[PDB]
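Number of protein chains: 2
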Amino acid sequence: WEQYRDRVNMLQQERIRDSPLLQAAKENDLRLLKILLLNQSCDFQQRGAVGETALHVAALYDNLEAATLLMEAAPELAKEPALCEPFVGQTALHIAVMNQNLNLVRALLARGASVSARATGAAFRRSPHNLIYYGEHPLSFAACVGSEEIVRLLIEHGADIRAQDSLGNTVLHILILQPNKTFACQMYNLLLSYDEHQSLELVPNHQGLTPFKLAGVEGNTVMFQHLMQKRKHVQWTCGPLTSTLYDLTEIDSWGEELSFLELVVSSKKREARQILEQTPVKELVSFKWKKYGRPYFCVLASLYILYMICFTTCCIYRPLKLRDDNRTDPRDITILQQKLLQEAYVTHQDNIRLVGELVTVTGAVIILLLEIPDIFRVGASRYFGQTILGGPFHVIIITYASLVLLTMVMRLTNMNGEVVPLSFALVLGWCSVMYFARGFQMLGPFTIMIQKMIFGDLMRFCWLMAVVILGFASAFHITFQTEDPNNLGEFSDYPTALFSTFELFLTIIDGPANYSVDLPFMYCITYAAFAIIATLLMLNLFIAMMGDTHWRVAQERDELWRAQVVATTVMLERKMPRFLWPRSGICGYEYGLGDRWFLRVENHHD
Amino acid sequence: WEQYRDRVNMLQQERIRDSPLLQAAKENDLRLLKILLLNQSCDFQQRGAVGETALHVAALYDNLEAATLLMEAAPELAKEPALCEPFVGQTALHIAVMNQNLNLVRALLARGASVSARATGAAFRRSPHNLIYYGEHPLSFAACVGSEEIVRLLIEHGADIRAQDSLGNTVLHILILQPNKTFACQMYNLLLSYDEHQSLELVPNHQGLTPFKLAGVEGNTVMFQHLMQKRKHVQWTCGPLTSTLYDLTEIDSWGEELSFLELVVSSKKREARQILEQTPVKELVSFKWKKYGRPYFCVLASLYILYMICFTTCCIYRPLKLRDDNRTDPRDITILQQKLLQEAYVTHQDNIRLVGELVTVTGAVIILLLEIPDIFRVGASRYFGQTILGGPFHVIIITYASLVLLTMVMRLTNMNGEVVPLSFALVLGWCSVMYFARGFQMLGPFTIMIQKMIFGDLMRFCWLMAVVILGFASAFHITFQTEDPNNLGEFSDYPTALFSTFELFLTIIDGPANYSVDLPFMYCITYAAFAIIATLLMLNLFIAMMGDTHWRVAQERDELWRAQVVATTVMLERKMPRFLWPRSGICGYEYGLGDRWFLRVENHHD
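Protein sequence lines correspond, in order, to chains A and B. According to PDB author numbering, the stretch in the first sequence is residues 29 to 225, 230 to 638, in order. According to PDB author numbering, the stretch in the second sequence is residues 29 to 225, 230 to 638, in order.
Mixed in with the good hints there might be a few duds.
To be verified - Covered by chain B, according to a simulated footprint, are these stretches of chain A (three or more residues, beta-carbon under 8 Å):
hint: 1; segment: 34-42
hint: 2; segment: 115-127
hint: 3; segment: 495-508
hint: 4; segment: 525-539
Hints in this document: simulated from the structure, not taken from any laboratory. All residues carry an ideal CB built from backbone N, CA and C; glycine is no exception.
Generate the whole structure from the sequences, applying the supplied hints.
Written out as structure tokens, the structure is:
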């Protein structure tokens, strides 16, 4: 990590300092350099810590004169790379190109340096440890530093433009992976000037991503917008309005199983949801949602609501009989118990409950056979972690299906205790109805904010709240274990003390006070303290935290709801059959553009 | 104070007005001045209220001609200081320098004025009464007014640059103690031009503070940032990225027991936490926290959590026996009492509680032997007042250790009433778990907010809330002392009336209403008034106060949490042994910089 870089820089400066030729290349004294290069006893392959030559040290400090005398004395230093771990394939040409010393680039290319050298060291791979990712080849380095003369001078000296690094990225892929600057857009066009003929636009990297698809994934809105300037065809401009015919070949992806929209919307980048607001994409997903996605989603929502109604009705009419044994014990109030399977189905209403329970198990298995292929296809971390795709709703529908199958297992083999998985199944299944709230303007962002404040604010409150509950429950249990439990039984034992002071924290029960007896004064003192610092302070400031968090994330949830109706639309196609989802757009056979399908957008501008 | 300054200005103007020579120096009439200076009967030492000469009055009103005539008639006025209390070392050279009358400075230095005169008056000491602090020597005065010609003209006329005032400050120390202006940075470099050789940078004042350390303490971010321009060494700039080698000699302070970071973070200045965000300091404390401070802090947090689990389990299983005497009295519900020490330890579970209680007392004494040296070393006001160092958590851990030792004292010598210190110990110790919330992004600033409204907002609410509780408790006790206490006993006597209307203020109990009896109409009227002006008005506006206060201090708590993880990191070193905390940075032996240890930072800039 960072200490490895500090140690290798320490060893680099030590081997530079203890060697006279590398030090003479470092601070560039000409006389000692001429004295050392007038010697002919040994070849000049003396190296530093990473295996860098003296020409690497000359190109590192922009020592042009030192580099000219080193390749005058030994012209074989241009073909020698560094050898050790952080710089495995770095040559002097990479250092000369990336420092933008153009005459040094001419001097290295005049002596025959390798133009297709892959700098496969650990300081050049795409990692969060490295601050930049300029690629491996010097062509990608010259494309990334933004010098047109150096990248052209590499082009007539070689520099095969379809070369790939160890991650599979070509030069345009690395140009997409840059901070959004001025030169990064026309350097793309300058390298498309030398494409001259399959192309460079249609070659993927090792993730299988087109540069159009990679620009969609990485959130590069400027590069995507300027790539869609070359894929549109204006028809006419009849006054203040024009009709643009955008191409949907690389956006819609009708016959390709990883679509472009699925790659955009299932991305771990924050900026990738901005591309869903771009002018060929937004009208496409708006047409797909308003024509097909919204009525099918409202049909599936009503079907799931009716299936919850059937499951709730089958829960309510559960077969329960009278308790066989006598209680013979105070404090216990259970009077009913579960019927055995031999007696659970004897009447007509039990047969109605039987066919409703097979409807429930059928709904459970068609949830599981619909979601387990989505577990196996899309990666299991991205399926649950992405709140755009509906990750928490997916994990609660998976555990709801698991709990209702476990209840059916405990119904066939007679096991007491169906109350616990039935109550978890009812809570999680009815909370899964909020997945269908995302299709509405009114309900979607509110459901987003309840996920943002379960995930962000509720844990922040509860890791202090449980501390206060533990301390004051211990204090209440000390001050009320010497008293009669039949008068104030709120703190009779420690689980009841924890639960009752949790309810006193949330103020959902009354303060325990019995005016017919004398409570201890210590309870009054520590309950006055508890009511001051928890009900008055922490609850109202939790209201303040949720208000300020709502005000800050209110700008993000409005554009993230529109980013997840696109995820809903992409989910609704390729799962329902193709006859319900026709191809979006119109064919370009009549326009003379061929087999490609196009989107016509009518746009006025003054 | 201010009236002393008004009285001494009153006496100054009276002695100037009643003397003809000082008045002639004041409004500068040349003819009466020549008439008075043509006399030779008496020596010209007539003084004002503070002992100021006529040359002081001439230099006060920028009377250059009058001052040249006074030192023409009597050239010994240049060596005469004012004598009384607010100006006891002030000469005419201080007034000439600080008014920036440069020809007057030439005229004073031509006649032989004292260049090393210490102006030790009460108007020149570092006090909140004085509006400026320009030092004592005229060299510091010329450095502070920002005139380069006057400070140079003092340099070839003398003005020993290592001179110290009565507070111990040298000239650079006083330049640090200035408002951040233009000239205050290059006046520092201009006085470092004549350092020429143990230097001026390494001399401390009477607090033992280096000017680097004083610039760290006083919040001077500009002076600190420009002091690290001279203590950094760039290695190379290989394209868009450079590698800077900052010095950690005066920052880290490995072998010095008052470290620089401890002087910065335990400071009573608001701006001193900004220096923790500077480019040599922030990476140092980030490396120290993310490598060593966070896992050791999470180990100590889990150890203290397990210690409180042990203390809570020892509290829950407290030895209590049945009450020996009969109650023979209604309204009393206590049935258990404390076991004596002869019968408290008879079984195996009592032996488990015994070894847990010795674990508790061992934890208490290793809290006390860890904190009482921090009471004695760092000053006791700064240890509790600083919320960055954990002041409230320190005082509650001190009183928690005191209460659990008092409980052990009451356990060896049999005294009834262990409930009160056990309940205070449980509340304060479980709230002392919350000191470990500062090591997390999620939990730290929320705990900062709750201490900011213990000390800021809860006092503001309760000094009105207790007034409303007192008035309405008195009203409820008057309207319910003529009634039967067995029907509505909420206001049967006055402590119950105070406590019950406190609960009615916080709405943690129901409104007392018995529909089987006729309550007085006066209770209904004053309870409608109480529910209008307290539950509806003051509670919701306390929510509004804490919301608006949260929005206002939300900018400061985010940079104050990052300022107190530095305090946590400085606390974690020099207390744990040195083998767990290795030296941060890398040695500069390989770089040729010597014994000093350096921090390598990799920084990209376009």
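Tested hints:
Restraint check on the segment 34-42 of chain A versus chain B: 7 residues with Cβ-Cβ distances below 8 Å, three needed, restraint holds. Three residues within the 8 Å Cβ limit are the bar, and the segment 115-127 of chain A against chain B gives 3, so the coverage statement holds. Check result for the segment 495-508 of chain A against chain B: holds, 9 residues qualifying (beta carbon to beta carbon below 8 Å, three or more required). Taking a C-beta to C-beta cut-off of 8 Å, the segment 525-539 of chain A contributes 3 residues in contact with chain B, enough for the three needed, and the coverage statement holds.
Figure legend: structure checked against the earlier numbered hints; every hint is met.
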